[PDB]
Amino acid sequence: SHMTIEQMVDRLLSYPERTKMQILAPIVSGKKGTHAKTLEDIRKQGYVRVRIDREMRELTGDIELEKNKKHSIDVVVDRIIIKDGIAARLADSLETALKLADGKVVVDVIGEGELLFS
Amino acid sequence: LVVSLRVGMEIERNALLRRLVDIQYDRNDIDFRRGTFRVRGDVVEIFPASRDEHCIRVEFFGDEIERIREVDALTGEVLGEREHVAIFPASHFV
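Chains Z and G supply the protein sequences, listed in that same order.
Going by the working numbering, the first residue of the first sequence is number 289, and it counts up by one from there.
Going by the working numbering, the first residue of the second sequence is number 18, and it counts up by one from there.
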């Protein structure tokens with residue numbers, strides 16, 4: 289239910305060394321609208337990479353979404369590899385994503401599936 | 018004492034962080050002030066001590082620098098793209 293950051297970090301640390309992961313903030317899930325204001329704020333906050341409708345796209349690419357169609361937008365906060373000393377970085381990146389997406393974070397494990405924490 | 022950065026340079030993100038602290042930059046995720054840096058996952062932004070300089074945005078992919086840009090930190094606007102940059106210490110007293 290309500291995981292601590294320690295619990296989240298320790299779960300990711302249970303993966304083998306060299307495991308690649310992307311830490312995502314699921315800011316919009318299955319919602320209609322252009323989401324122009326959202327994309328603007330995230331660009332203004334200095335983020336680079338987003339996943340919009342399952343396409344990895346860059347911010348400041350002039351992104352326009354159809355208003356009357358549902359969209360999902362994930363901010364790609366970090367792209368990490370499990371290795372010695374990553375603990376603090378995992379914590380920080382997880383925290384950043386949780387703040388962005390109002391207490392949810394998605395971890396995409398490359399070669400495996402996704403983990404949802406909250 | 019200078020921290021040299023270039024595209025394709027093999028360096029861990031936290032290694033860059035340590036080196037910045039070593040030269041009197043403070044981590045400040047809550048301020049835009051000169052002589053500090055902020056961290057956003059695999060992006061590190063450095064606000065140089067020098068007046069008239071732009072914020073430097075360093076983008077990592079694994080243990081490699083993939084892109085370095087001059088940016089407006091307040092607005093996120095990209096002002097330039099760089100191959101090579103160098104960060105000197107935040108003070109002349111080291």
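Think of the hints as simulated: they come from the structure by calculation, not from any bench.
Don't take each hint at face value.
[As the list claims (entries may be wrong)] Cut-off 25 Å, straight-line C-alpha distance, at most; resulting in silico cross-link-like pairs (SDA-like, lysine to any residue): (1) Z:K308 <-> G:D69; (2) Z:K371 <-> G:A90; (3) Z:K387 <-> G:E27; (4) Z:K325 <-> G:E81; (5) Z:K308 <-> Z:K358; (6) Z:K392 <-> Z:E343; (7) Z:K357 <-> Z:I330; (8) Z:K325 <-> G:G25; (9) Z:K371 <-> G:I82; (10) Z:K332 <-> G:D39; (11) Z:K357 <-> Z:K371; (12) Z:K332 <-> G:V60; (13) Z:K358 <-> Z:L301; (14) Z:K308 <-> Z:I340; (15) Z:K308 <-> G:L96; (16) Z:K319 <-> Z:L386; (17) Z:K325 <-> Z:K371; (18) Z:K387 <-> G:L34; (19) Z:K371 <-> G:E70; (20) Z:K308 <-> G:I85; (21) Z:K387 <-> G:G25; (22) Z:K308 <-> G:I28; (23) Z:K392 <-> Z:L301; (24) Z:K308 <-> Z:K325; (25) Z:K371 <-> G:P65; (26) Z:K332 <-> G:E27; (27) Z:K371 <-> G:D39; (28) Z:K387 <-> Z:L347; (29) Z:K325 <-> G:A90; (30) Z:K371 <-> G:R84.
For each hint given before, does the structure comply? Return the numbers of the non-compliant ones in rising order. 1, 2, 3, 4, 5, 8, 10, 11, 13, 15, 17, 19, 21, 24, 25 and 26
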